[PDB]
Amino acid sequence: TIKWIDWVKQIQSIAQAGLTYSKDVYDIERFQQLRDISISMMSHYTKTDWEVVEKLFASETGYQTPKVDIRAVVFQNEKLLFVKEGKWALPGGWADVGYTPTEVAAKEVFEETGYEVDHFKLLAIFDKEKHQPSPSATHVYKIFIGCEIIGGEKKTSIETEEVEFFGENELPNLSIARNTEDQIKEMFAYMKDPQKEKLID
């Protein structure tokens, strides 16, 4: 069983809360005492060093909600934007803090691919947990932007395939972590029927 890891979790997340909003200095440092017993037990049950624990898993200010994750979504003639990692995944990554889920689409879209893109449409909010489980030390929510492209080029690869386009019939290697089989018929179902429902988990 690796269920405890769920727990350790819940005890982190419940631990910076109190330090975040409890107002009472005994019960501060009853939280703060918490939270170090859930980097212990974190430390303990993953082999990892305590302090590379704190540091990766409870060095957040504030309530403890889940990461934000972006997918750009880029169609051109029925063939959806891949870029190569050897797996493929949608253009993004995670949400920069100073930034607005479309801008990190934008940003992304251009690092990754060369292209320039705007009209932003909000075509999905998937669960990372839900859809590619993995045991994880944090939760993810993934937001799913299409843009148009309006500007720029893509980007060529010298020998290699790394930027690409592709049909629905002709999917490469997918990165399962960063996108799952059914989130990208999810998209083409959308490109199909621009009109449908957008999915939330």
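Numbering follows the first chain given and starts at 1. Definition used throughout: the rigid core is the maximal C-alpha set that superposes within 1.5 Å between two forms. Compared with the form deposited in another entry:
- Only one of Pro133, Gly152, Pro66, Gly62 has its Cα shifted by 2 Å or more between the two forms after fitting on the core, and that residue is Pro133.
- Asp27 shows a C-alpha shift below 2 Å between the two forms [criterion: core-superposed Cα displacement of 2 Å].
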The other form holds:
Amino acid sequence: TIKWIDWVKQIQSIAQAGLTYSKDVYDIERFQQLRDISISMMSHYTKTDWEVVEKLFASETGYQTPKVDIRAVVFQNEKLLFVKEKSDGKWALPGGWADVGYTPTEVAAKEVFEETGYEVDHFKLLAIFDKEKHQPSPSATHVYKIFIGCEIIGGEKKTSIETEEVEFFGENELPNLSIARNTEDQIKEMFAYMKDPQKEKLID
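Show the form deposited in another entry, please, because up to now only the form deposited in one PDB entry has appeared in this conversation.
Chain only, nothing else included.
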């Protein structure tokens, strides 16, 4: 693996904590210098514009925790609901970044409605995966993925600008997965839950 990336992510994290919590004017200035070195290291070794890296890597406030992604797990006739993005042509469970000001089930409901047309409720906590644990490639960011089971209670299948196709798929007919949005192993775990819904919940 690339060892340097996880070191630099930890330096930015501590610098971000220092800028939030230090009250010492010379320590605040040391934490700002350290964040700026972290941007410069990322900028040079990924050949990415310095100011772009600052926005993508080093503009959060407060203590730095992993980011939260939500995936909705909706079955019908033992087939799992997937949505295809028009631009990249790849498939994933409905979901996305958790919006500030929304609870996890509100994110699941809103993402399912916007991407698929369906109304959902009857939320179940299924799993929390650590995106980095067996990640294919190195990442600038650390993500926890919360999988929430839901029941379709209304609305109707509807495509959009972003969302070209909405379809259910059986476990021996999976479409081309967006590995960034969901791994094969995360999908296999959801079919294991469908077969035995009283099973232990996966937490990385």
